[PDB]
Structure formats: structure tokens, C-alpha cells
Amino acid sequence: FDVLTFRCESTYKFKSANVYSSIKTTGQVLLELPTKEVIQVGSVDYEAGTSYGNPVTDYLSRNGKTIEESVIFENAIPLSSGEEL
Amino acid sequence: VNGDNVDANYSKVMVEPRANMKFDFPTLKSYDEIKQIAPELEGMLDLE
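Quick note, the sequences are listed as chains B and A, same order. For the first sequence, position 61 matches number 1504 in PDB author numbering, and the numbering has no gaps at all. For the second sequence, position 5 matches number 972 in PDB author numbering, and the numbering has no gaps at all.
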């Protein structure tokens, strides 16, 4: 292990405005394989109760952002701006 | 998980100490114990 790229999925249950009655997480596990030849992987599991956040998702985010094929360009210029839009 | 509102109660609030300036006249011992410090010297000096 040196890095993750989990494709996960969770399930929240609210008991109030922000606090969650329960948490359910099952997700999937990811990491690089041998000579760029990747095959099947496994998954995860989690439950909770009366929680103010999800450990799994917050952990994955806190270590870093997702597979982000979107880095914003430095400065803005117009594209088709004017009255012809 | 537990949020920032519950973990704050885990720590106790201490007492912020301050001065207790008294005047503290010399501590008068009891008569029974001060008759032990000095033997029967009672009524023998002129207090004046």
C-alpha cells in the first residue's frame, strides 16, 4: 500500500439537521497493479450511529481530492460574450 | 464522528487562581497549648 483510489458509496440517515442517525458504507478498494496490468479488486464495510460525519469519505477526501481531470485555468477570457448569445 | 460539540466537554475548566491578601495578625495559640510552651509562669510578670 502507498495510495488509494476508492470508488465508494455510502448511505446517510438523518435524525436532526446535521447529525446522522446512522451511516452505512460498503464501497470498493483500489490501488495500482504490477506492470500496468490491472485486474479485479475488493471492497470495504462500515456502520455508525449518531455521527456528525462519515469517517471513510472524510478520510479519503482529507488525504486528497478525487481523480480530478479538472484543473482550473489561470485567468478568464471571453468565449462568445456579447448580445449574440 | 463525534463532532466538535461533544469533545469540548471532555476537558475540564480549571480555577484561575488569585491573591488572598489577608492581614494575618500573629496566630494566637490556645491557652492550653501555650501553658505547655512555657511552664507555670502565670501571674508573675507585671504587664505594665
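Keep in mind the hints are simulated off the structure, nothing from the lab. One or more of the hints may lead you astray.
Stated by the list, open to error - Label-pair distances were calculated between CB atoms; the ranges are:
(1) B:1493 x A:982: 47 to 57 Å
(2) B:1457 x A:980: 41 to 51 Å
(3) A:978 x B:1462: 15 to 25 Å
(4) A:981 x B:1487: 55 to 65 Å
(5) A:978 x B:1485: 58 to 68 Å
(6) A:982 x B:1501: 48 to 58 Å
(7) A:987 x B:1496: 38 to 48 Å
(8) A:981 x B:1475: 44 to 54 Å
(9) B:1524 x A:978: 53 to 63 Å
(10) A:981 x B:1512: 47 to 57 Å
(11) A:987 x B:1487: 58 to 68 Å
(12) A:970 x B:1509: 49 to 59 Å
(13) B:1524 x A:970: 37 to 47 Å
(14) B:1496 x A:991: 50 to 60 Å
Where is the CB? At the ideal position from N, CA and C, for every residue including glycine.
Here's how the hints hold up against the structure:
For residue 1493 (chain B) and residue 982 (chain A), the Cβ-Cβ distance of about 33 Å falls outside the hinted range of 47 to 57 Å, so the restraint is violated. Under the hint 41 to 51 Å, the C-beta atoms of residue 1457 (chain B) and residue 980 (chain A), about 32 Å apart, miss the expected range. Range check, residue 978 (chain A) to residue 1462 (chain B): about 21 Å between beta-carbon atoms, so the 15 to 25 Å window is met. Hint check: residue 981 (chain A) to residue 1487 (chain B), Cβ distance near 42 Å, so the stated range 55 to 65 Å is violated.
At roughly 40 Å, the beta-carbon separation of residue 978 (chain A) and residue 1485 (chain B) lies outside the given 58 to 68 Å, and the hint is violated. A C-beta distance of roughly 37 Å is found between residue 982 (chain A) and residue 1501 (chain B), which places it outside the suggested range of 48 to 58 Å. Range check, residue 987 (chain A) to residue 1496 (chain B): Cβ separation about 47 Å, and the 38 to 48 Å hint holds. Checked against the hint of 44 to 54 Å, the C-beta distance between residue 981 (chain A) and residue 1475 (chain B) comes to roughly 51 Å, which is consistent with it.
Judged by the Cβ atoms, the range 53 to 63 Å given for residue 1524 (chain B) and residue 978 (chain A) holds: they are separated by roughly 56 Å. About 52 Å separates the C-beta atoms of residue 981 (chain A) and residue 1512 (chain B), a value consistent with the hinted range of 47 to 57 Å. Remark: the range hint 58 to 68 Å for residue 987 (chain A) to residue 1487 (chain B) is upheld by a beta-carbon distance near 60 Å. Distance hint check for residue 970 (chain A) and residue 1509 (chain B): the Cβ-Cβ separation is about 25 Å, which falls outside the suggested range of 49 to 59 Å.
Separation of residue 1524 (chain B) from residue 970 (chain A) is about 45 Å and conforms to the stated range, judged on CB atoms against 37 to 47 Å. Separation of residue 1496 (chain B) from residue 991 (chain A) is about 57 Å and conforms to the stated range, judged on CB atoms against 50 to 60 Å.
Going down the numbered hints, you'll see the structure goes against 1, 2, 4, 5, 6 and 12, while the others check out.
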